Amino acid sequence: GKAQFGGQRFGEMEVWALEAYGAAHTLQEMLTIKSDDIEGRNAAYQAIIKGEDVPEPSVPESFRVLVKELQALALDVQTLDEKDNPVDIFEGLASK
Amino acid sequence: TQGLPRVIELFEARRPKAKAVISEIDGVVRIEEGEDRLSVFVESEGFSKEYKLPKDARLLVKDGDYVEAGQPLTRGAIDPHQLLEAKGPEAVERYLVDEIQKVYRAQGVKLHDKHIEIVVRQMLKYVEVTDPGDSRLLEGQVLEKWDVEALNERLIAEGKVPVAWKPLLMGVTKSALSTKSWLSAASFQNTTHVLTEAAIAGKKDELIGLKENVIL
Amino acid sequence: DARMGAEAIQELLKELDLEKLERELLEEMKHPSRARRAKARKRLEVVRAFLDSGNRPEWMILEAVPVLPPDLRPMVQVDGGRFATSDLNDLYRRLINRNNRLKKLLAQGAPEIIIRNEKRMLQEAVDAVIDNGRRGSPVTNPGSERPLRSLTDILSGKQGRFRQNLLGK
Amino acid sequence: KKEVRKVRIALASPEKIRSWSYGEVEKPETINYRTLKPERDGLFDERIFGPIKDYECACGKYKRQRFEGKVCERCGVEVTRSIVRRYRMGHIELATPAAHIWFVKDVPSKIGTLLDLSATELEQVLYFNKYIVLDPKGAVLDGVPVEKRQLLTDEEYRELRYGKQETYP
Amino acid sequence: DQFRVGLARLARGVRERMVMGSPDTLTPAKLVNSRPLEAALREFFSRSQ
Amino acid sequence: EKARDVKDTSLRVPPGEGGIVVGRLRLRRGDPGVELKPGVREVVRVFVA
Amino acid sequence: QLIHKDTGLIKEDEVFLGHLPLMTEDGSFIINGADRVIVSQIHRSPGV
Amino acid sequence: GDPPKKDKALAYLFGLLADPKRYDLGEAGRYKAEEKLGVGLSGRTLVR
Amino acid sequence: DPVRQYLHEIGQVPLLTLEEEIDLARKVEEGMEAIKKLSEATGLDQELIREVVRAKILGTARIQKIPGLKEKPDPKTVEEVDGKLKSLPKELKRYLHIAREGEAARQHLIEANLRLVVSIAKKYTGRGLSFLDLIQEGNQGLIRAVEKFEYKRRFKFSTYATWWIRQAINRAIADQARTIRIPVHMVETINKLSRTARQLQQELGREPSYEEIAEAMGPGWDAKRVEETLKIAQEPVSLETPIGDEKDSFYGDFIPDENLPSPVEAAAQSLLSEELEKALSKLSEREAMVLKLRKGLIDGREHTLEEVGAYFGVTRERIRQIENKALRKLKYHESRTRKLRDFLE
DNA sequence: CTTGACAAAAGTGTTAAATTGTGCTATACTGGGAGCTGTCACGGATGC
DNA sequence: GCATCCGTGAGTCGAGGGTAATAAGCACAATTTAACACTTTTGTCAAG
RNA sequence: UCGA
Ligand SMILES: [Zn+2]
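Chains as they are written, first to last, in the authors' numbering: chain A, 1023 to 1118; chain B, 1253 to 1468; chain C, 453 to 621; chain D, 2 to 170; chain E, 342 to 390; chain F, 780 to 828; chain G, 99 to 146; chain H, 245 to 292; chain I, 94 to 438.
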């Protein structure tokens, strides 16, 4: 919206086109640093404010919400790595 | 120009409206009409089958001629699966892209066949199992073309009998739901279904697809 | 023992052996009739789905129901001063109501009828807090036709958390 | 610290789900209509899910990061950021076990295709309507003794367990 | 039309209220309601398409 | 700097909307011919031309 | 009028239904202080 | 849904048509349908 | 369909005649008092062997098998009891069986007048519980009225039972109702107020002003009281409320998140932190370190004059004047440099 | 940077006033209740 | 296997728009919260 | 509901 002071959304077809160009980072930054990423947007503002280059994002954070939703459905959400091993997507968060 | 509906009809491998009848072999052409049903016998040297046809839809072949595998009989569109198991995958691809481009070029839009080809190959990439043999597979348990290729090769090397299979063509929707990553189909549609059949089977995704990643 | 409802389905699904039914369905599949052959195909399909995955089907009867974090089910006020909230909240709430009321009925030795009925309401309520609309008219905020959006409600759909937040944003 | 190249999925078991949870949500109520503080067990409870305020406890004896993670003895809130409110789940312990409508009412119907059941069949079974046969124990039905993997009704269940009567007016 | 059906809701507000009670003190003064009708018609003029 | 328990709630104007002022109308709670929301004190409405 | 079935005693009372919005001059009602309008609707006429 | 009694077959069915309030049919519907079928009628119901 | 389900589930049993009623209450009370006399037998408590009656009647181990992970020990507190009175003479045994048949009687009774409850609660729809939910709570009301009723009272059980039904129902809605939990007395006064408001809305021929309705209430009731509890009245609005003329326009995603820091705020805080961090070194090596305590910098917790004094071995007064001169020296550097002049809110 | 004096800020102990939770009411109340429409295409289970 | 049903979909961003209204009661026990009294801490001041 |  306008009076809500908010940015444009990147449609599914927008995403697709962006991929069609083959801009990998532009897309990545778009879905992460540039939008909702946890420390991504923050560390970005930090970066440009200081003149440095924005680091690489970790979790889009809409994704994490998706994960915990699936958890509410008792869907076991297992994020592996280079070879078949549990990765902690939530840093120190729910370890009980 | 049947237009976009024709397009979707081709892309989803849906049964044609007017759908024409085709032969299942190369036989001899014979017309039989008892003024009731107009039927046409196609009979090879050692075989035969007839086909029930109405007196309305106008035929193509003339009596006493020769036929070919999957050769057209009545004027109108051809069912994809019909010629799939009849004339083979080659002519399937052929006619598919040919029709899509027929409508396209008709409407005044020109584009390279390449694209359409990519989609088409992505349609026929699945095959149904016949006689798993030494493999751990099961009859009628349907999977991808690539994988069964690899399987068969390995089994050849091991001195074990390979698997028979029938090329199985499906609509693009179905292919989207049958794709490797559960994430992709989950994003597409029929979410509940896919998620179920995925989580239960405990399938891990390698994020090989783009939108199977874009989520991540 | 005729026991009816979910506890029973838990019993049977807890007692199953996939090995026996595997080999059995194998020999049942080779049957020359395409019928038995095909049913074997599909049934053994899901069977293998449970085998290789190393997952136990009894979990489908799951007892302890995972609760979504509070900030994921937000409740906050505005300039107007009134408070708002999601639907999943109310769903969860009424659910726990049924579960607890049931618990207070069970130990006190309530009549079997009221008990069974309450268990019915338990299943329907849970399943409502998941797929709501999959069975009967969905439970809505009382007096309003607006259906209470559950988990599966947000996970799928056009504006669902998938297409709306992960494939575009 | 590690590249994530793979995303798996599976069936979460009850014990696993318990481990996910930081506690059971008892009182099905949002908060106090006065204090707006999460209710003792209320779904928004900060005592298990996570603190209402960043790096603080509930009652306020721990207000600062000088205490990190140490559980408060006057409250019982881990002192940490409110972020955990989104990542930390609860659970509800259901008295009587309950299945999940997903693999039930879905087109393939996992649980049904498993137990060799049917749609409307398992529909009235699971929902506490019709009985089923679990170890008949030499049970007779209309001359044909009933066996397991079968369904019964109310009248015949009581008739077989409590006997067949007739009331004469 | 909306007056018809809304006032039918009010008719529920009439037939039901007049028997819980004592016919002794009775009059539409205490038997007549507002919100079913007034809010039905309030609903037609806003939330409707 | 005194920490003044009173903080600024003031109502600004959105970007792109600017000009003179004509309409100024303010009615507090209890004013003649006015009703407010349950738990509000005053309200202010200004036109920007 | 409230008439008892038994005593046959007619007790007549006038009541107050509520506040129903009335039409303005140009034909546009005022709801919640905002000028609004009711757009005409159309459907196949009742009958056989 | 409900037990198939006799006395309730004179009620549940009655409200469907004979009830002027539950079948209420526009003065136009009665009108057009009347002059349509080539007949006549007054009540806005199906059957009295 | 779970509604019409219970609808046919209740009519599966006849209600009762006066005879059957009185008989039911008869064997009920005789059974319970038999349990009393049994409590005098082996020295068992009043309620103990009662729930034990349920242990061997309501079924097999299924009763206490899963009442949460904790209810009451089955193999310990129940088992021996089940075998402790099995060794006992004719009198205690006859009292035993009396108990059994009595409790069963309680059950049958309950089911009939449960048909009754069904009607009663069927009249209460729209309280926030659609049908069964409501009804079920209502049902348990009758249960409490079952054990508190006496056949001696010569009253049709329907009366007592009914009142208790409206009891369970009203308490349940008072304890559930709106998504926000509300105390019972509070709900009472709520519906009380709305009652009055309704009444004189119809009488006056218009809606009342706050003060006249609050006056219509009584002593101590003013416009502010009604306005107050009215503010509390309205419940949380659903986030799923569609707005606009379309389906796709929602509510929930229109809410700003201020509970978390913002990039501008992150860099702002980091800024004040750093700019003040370098502005630290221009202070006396002792008074800077001290200043980090009094203002609560080092460990985040402010250390009093006595503590910092106990740090440098100086009296608290020293620490005090240290703070004066430090903050003023910094004041010179500030009023000059004009670097940190921002952050004035 | 220091000692004593002293005002206020703050700490703590004990009560009065409020808020909130519980139980019960006895003539007799004993199987709901509300409706809604003018697709369309295909895939699957299911009843012919 | 042939007709006949639940089930799942269906275009992009936006601009605004929005705000609202049912239900029993009474005594009393159990706490909670507000009040009040007063000890101690701490910050300030006069003046070494 | 209206732009594109
Ligand atoms: Zn604390």
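Note that these hints are calculated values from the structure, not bench results. Fair warning: there could be bad hints in the mix.
Claimed, not checked - Every beta carbon over 10 Å from chain G, so not counted as near; a handful from chain E, in silico: (1) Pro364; (2) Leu372; (3) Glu379.
Stated by the list, open to error - Among the chain H residues that face chain G by a calculated CB cut under 10 Å, a handful are: (4) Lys265; (5) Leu269; (6) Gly270; (7) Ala272; (8) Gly273; (9) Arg274; (10) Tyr275; (11) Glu278; (12) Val291; (13) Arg292.
Every residue gets a Cβ at the ideal spot worked out from N, C-alpha and C, and that includes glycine.
Tell me the hint numbers this structure goes against, listed in increasing order.
Of the numbered hints, 1, 2, 3, 4, 12, 13 do not hold.
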